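Asker: Let the sequences and hints guide you as you build the complete structure.
Number of protein chains: 2
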Amino acid sequence: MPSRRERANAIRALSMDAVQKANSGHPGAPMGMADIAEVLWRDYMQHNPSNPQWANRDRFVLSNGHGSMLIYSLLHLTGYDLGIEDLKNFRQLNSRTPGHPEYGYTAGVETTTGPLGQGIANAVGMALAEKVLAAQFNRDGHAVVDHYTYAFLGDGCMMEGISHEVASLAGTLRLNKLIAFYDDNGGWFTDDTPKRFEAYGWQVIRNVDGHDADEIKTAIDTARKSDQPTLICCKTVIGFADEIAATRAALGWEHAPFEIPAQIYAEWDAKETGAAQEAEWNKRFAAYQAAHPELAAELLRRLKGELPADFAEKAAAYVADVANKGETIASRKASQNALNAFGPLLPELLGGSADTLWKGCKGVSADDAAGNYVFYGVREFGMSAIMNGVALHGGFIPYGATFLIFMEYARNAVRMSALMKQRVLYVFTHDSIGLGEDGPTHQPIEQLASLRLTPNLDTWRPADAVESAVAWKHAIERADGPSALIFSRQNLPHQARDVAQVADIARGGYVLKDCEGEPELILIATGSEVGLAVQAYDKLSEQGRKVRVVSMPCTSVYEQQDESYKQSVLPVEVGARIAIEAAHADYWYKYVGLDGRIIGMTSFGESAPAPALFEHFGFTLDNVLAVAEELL
Amino acid sequence: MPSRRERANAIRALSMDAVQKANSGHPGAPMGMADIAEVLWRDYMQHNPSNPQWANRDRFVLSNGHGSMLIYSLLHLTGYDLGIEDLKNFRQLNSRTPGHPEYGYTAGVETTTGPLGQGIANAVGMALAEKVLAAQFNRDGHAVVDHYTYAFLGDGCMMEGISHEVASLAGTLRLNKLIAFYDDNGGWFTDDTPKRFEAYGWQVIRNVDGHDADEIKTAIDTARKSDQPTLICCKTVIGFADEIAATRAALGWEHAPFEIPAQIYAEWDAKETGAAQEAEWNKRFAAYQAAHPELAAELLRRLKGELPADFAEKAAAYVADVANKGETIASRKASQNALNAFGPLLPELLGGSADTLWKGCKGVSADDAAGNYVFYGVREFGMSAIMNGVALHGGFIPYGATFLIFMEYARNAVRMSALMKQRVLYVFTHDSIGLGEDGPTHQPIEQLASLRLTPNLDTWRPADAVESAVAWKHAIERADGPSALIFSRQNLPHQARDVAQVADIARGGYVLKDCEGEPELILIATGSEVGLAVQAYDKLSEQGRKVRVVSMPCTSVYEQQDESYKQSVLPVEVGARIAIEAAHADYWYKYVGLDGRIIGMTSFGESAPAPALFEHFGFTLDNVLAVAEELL
Ligand SMILES: [Ca+2]
Ligand SMILES: [Ca+2]
Ligand SMILES: [Ca+2]
Ligand SMILES: [Ca+2]
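Protein sequences, first through last, are from chains A and A'. A prime marks a further copy of an entry chain. All letters in the first sequence, in the order written, are residues 1 to 186, 195 to 248, 266 to 380, 387 to 663 by the authors' numbering. All letters in the second sequence, in the order written, are residues 1 to 186, 195 to 248, 266 to 380, 387 to 663 by the authors' numbering.
For the record, the hints were derived by calculation from the structure and aren't laboratory data. It is possible that some hints are incorrect.
Note that the list lumps identical chains together, so a pair holds whenever it fits in one copy or between two copies.
Stated by the list, open to error - Calculated pairs, DSS-like style, for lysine-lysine (alpha carbon to alpha carbon, straight line, at most 30 Å):
id, residue 1, residue 2
1, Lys308, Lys88
2, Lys393, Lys21
3, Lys308, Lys452
4, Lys21, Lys358
5, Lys225, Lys296
6, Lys393, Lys358
7, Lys339, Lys203
8, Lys597, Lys225
9, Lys21, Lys225
10, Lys597, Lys621
11, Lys577, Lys621
12, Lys350, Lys339
13, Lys597, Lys233
14, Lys329, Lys308
15, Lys597, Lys393
16, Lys597, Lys452
Answerer: In structure tokens, the structure reads:
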């Protein structure tokens, strides 16, 4: 009869043998945390290896990303579709077992980790999703949404700033079904971490012997009854060819690499209990569907990530309405306008801002999570990684707003949205020197380019309300990647368009103003600079010059268009091209090459009123004409 | 006889009148914190308005960046070169009073703030600089370096992750002369902030009435005796045309906008005490210079930011030695090699890593700060903003290392280094898919481009040890901006060069391999991809093709070169150009336009051994030849 320790040692054996064979990786977390995992996964975790997408499974997040063999071991041992051959391919090209866990490519991996601090943030988001979805959907006698979020984290995560942001907020929102296990395994890190977490309003369980199954169980039982999120502080000491063989022998583990005894597999396998757990929940879901069929249909739709059947038609009708009202407003107001039309169609939208609001917004709070808007406070990074967790969890389409400059605080989370191919919607306001007096520390220059070079991210910089509506629609309908929607503080004039041009906004780049025959000059512009481009077009046309304005609200989408469409907008034979954008010039060589010109920014901004800054930096009619004159 | 409150109200009056006239900005911090400032600045602060560069002045940092009128009011009132006319130009183009304080442009502003959390981090760096410089230079009977670092911060700073990183480290290093005043002025922020700071090993003074001068003084006296950094938690409630007039009248402030009574100016003026304070310290410095002239000379040199007279000659000799040893090593090893040669020449270097080390490194600790290397722990953002504070303080040249991917965690601090034009040296390792198995979450793609589009930042990606030595030398000698030095994990072959080519490395971009007459093809490469470019050059030359290799270790420097030098490296008439770099392709349109080609990355990476990833992503001899064939 295998002991708990023998079963935990299977995780230790597989981890160290996998690392050894790959000659790469680190068996830290699995060595230290295996006994904790054996209790947690065998005695508490509700999950079905046959269906890792069961909507009411418990969520487990390994924030110590480097501990990847811990999760691969657990998934293999408990019966997921991850075999011994996968473990022997750890860290090899296109294996199912990459060096850090990657959501999508591996059955049972709930998020992509590696960058420290973000795992715990993702877990915070998942626990938030569960709490909100439960408050939205649960009814008397039908607790259909009801599961825990368990996370493992280490010293690295605790040192990172993002831990402070997301633990603080988790405390304020009372995410009592978030239960985190800190691997306190042991010059630069002396925090009293338990006291710090009490300051956030968490319950803390101190000094848990991480190699004692009775202590671990007692802590977990306490945490599962908590009214607050709980941090279980686990003291561990196990861990680190000769060193491996020594430790392996000390553990009393005699078996050859990758061989696990049949009774150990039997005691780890979760297919039997897992089947029964999901079947029991399916029975409760059917009861819910009978008693509340409208809700239940909405829940399923939302869990699938499907939009309402008529959203596309209503949204295109809305885009057309806007194109007819023809207002001149800040793209920031057009965004709030789009949310006002789209919000009431999309009960799955979960908005917020790093403290955006439309008429039906209702803030979530600890006492009442049935809302649809989160006040994240001054926590840009934490907001972003939380939104990743919300998106992974299912049930919502999250969006989150801050100033474009503070994208930089959240930069790696934005990158992770893209890497994981999640539909997370970033709203970045105050997009340029147009913000005026706040000055160079707040004025973006290089940030648009940073977003545009992020793979799988779409960045929309709408020239007016019509393009703002198209951008939101497109972002919402994009299920397989994130979008960043960039808005001005200042007013943007409505642009005239025919039906076909409004349609072509969705192609990322299109002809807004044209000449009869091949243009002598092409003005490419985005966002708040399209209006200036149109002025230059007006003026230059009066001189008999054959000019075209191309509005480029989304470069990544434009690039995805077919060769013949691209030739129709930016013909390869017209080298006389001028890009106009209040952002870093260097990006635009992609579109004007070495034969064209760029009217952009090549320095930091200044603290002055916007009109004075635009004058100062050359975003004037006169300067554009001069550049054209020089170029032609 | 003006009361304390009347004197504090001068700050309130000027702040609100300045904001009103500009119709922009927020008088929050000055309204709330004016009584605290009146105690702190009149009764405690050691400073000389006639010389804001006095080396032993106390340092004051306003982390609530939006509170800019607080500092402009203090500087004006106490007699700095900032007049009433400057205050009336708050937030106007090229005024001395920009919307957020900017170091360099305004007498007495110690750092540029605005992005929340970074002010306090900068203050942490300044207190670290003082503590290290004192331990390095002070001797029995000559406490020549001896001053406090006072900082104001608010809720926004406290919510930001960076506060956790820098307060944690400040606690560990016992920066007991750092004294911070928290404006606790009052849904999303419920931390028990005092308890959190105790967990970092700070002293906390709770519940200080921020409008009671006796309570404020008592707290400051306690803090000034503390063995730990101290957080003074100040409860404030004062603050927010009609509303302004109401508050102004309530305060009993009858005077017209911008008029301050003569006795209030008299009681605020610090020119008399300031003169005496600096004169007293100058007398002690002379005594130190008599007793320890070598040290004292070194201190002055270092405070001036001057390098040793013979550093340039020794460093060029070193570059030449490396060019002769001709080794093939990871650029990461060449960096450590350069530090081994340069380190012992530069006692001002203050290194570190977000836990790099050369033979004479000695770690700083709480008990012994006489070292030259800081273990920042897993705190990339905090490290970077701290280094800014170290650079501003004087006495050091800081450098700090992390993985290139985690530049993203510290992104805005890097931008702030550049904005402030400070010599801070960023060392970014593991620069590409060449890092291998750790996989896409760690593998940079877009980060080089992000650095390259940062104004006033130089980014060096050295192809071998010779270029690594040139890059370090150039970075060290660059006093008016920061540098980012980018290193590979994998081995880089030595490139053959004549004397003139080694010299031209310092020009940012140069001809490494050439053809007789005008080239038919130009291969532009950087860093670890230059070796592949040379292979392609060898192969293609054998075919009779006229090829050139341009090595481009620093684009920003290359761009600063004269037109005729640029024409000599990248002739405008040779359109057949191929850029080769294991990073995002889109950057390179700047150098190859629409007629050339790019062999780079356009996706995230993968988890595999490096050779397999280079094969997979097309960094092979065969692929390069194919692209040339297609292009020609
Ligand atoms: Ca215990
Ligand atoms: Ca439909
Ligand atoms: Ca009190
Ligand atoms: Ca010399």
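Asker: How do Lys308 and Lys452 come out at 30 Å by Cα distance, when the copy is not named: within, between, both, or neither?
Answerer: Classified as neither: same-chain Cα gap 32 Å, cross-chain 65 Å, threshold 30 Å.
Asker: Should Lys393 paired with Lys358 be assigned to within, between, both, or neither, using CA atoms and 30 Å as the limit?
Answerer: Intra 19 Å, inter 56 Å, cutoff 30 Å: intra-copy only.
Asker: Classify it for me, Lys21 with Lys358: is the Cα-Cα distance of at most 30 Å met within a copy, between copies, both or neither?
Answerer: Between copies, since 27 Å is at most 30 Å while 57 Å is not.
Asker: Pop the pair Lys597 and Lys621 into one bin, within, between, both or neither, using alpha-carbon distances up to 30 Å.
Answerer: both (13 Å within a copy, 20 Å between copies)
Asker: Measure nothing new, just compare the shortest in-copy and cross-copy C-alpha distances for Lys21 and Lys225 to 30 Å and report within, between, both or neither.
Answerer: neither (34 Å within a copy, 65 Å between copies)
Asker: Which holds for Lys597 with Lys393 at a C-alpha limit of 30 Å: within a copy, between copies, both or neither?
Answerer: So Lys597 and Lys393 fail the 30 Å test inside a copy (43 Å) and across (59 Å) alike.
Asker: Given identical chains, is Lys597 near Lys452, meaning Cα to Cα at most 30 Å, within a copy, between copies, both, or neither?
Answerer: Only inside one copy: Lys597 and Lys452 sit 26 Å apart there, 41 Å across copies, limit 30 Å.
Asker: State whether the alpha carbon distance between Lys577 and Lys621 is at most 30 Å within one copy, between copies, both, or neither.
Answerer: Both: 23 Å inside a chain and 27 Å across chains, each within 30 Å.
Asker: If the cut is 30 Å between Cα atoms, do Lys597 and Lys225 qualify within a copy, between copies, both or neither?
Answerer: Answer is neither: 62 Å inside a copy and 70 Å across each miss the 30 Å cutoff.
Asker: Can you tell me if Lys329 and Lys308 fall within 30 Å by alpha carbon in one copy, between copies, both or neither?
Answerer: within (19 Å within a copy, 77 Å between copies)
Asker: Classify it for me, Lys339 with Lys203: is the Cα-Cα distance of at most 30 Å met within a copy, between copies, both or neither?
Answerer: neither (52 Å within a copy, 52 Å between copies)
Asker: Given identical chains, is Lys350 near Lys339, meaning Cα to Cα at most 30 Å, within a copy, between copies, both, or neither?
Answerer: within (16 Å within a copy, 71 Å between copies)
Hints 1, 2, 3, 7, 8, 9, 13 and 15, counting from the list given before, are not met by this structure.
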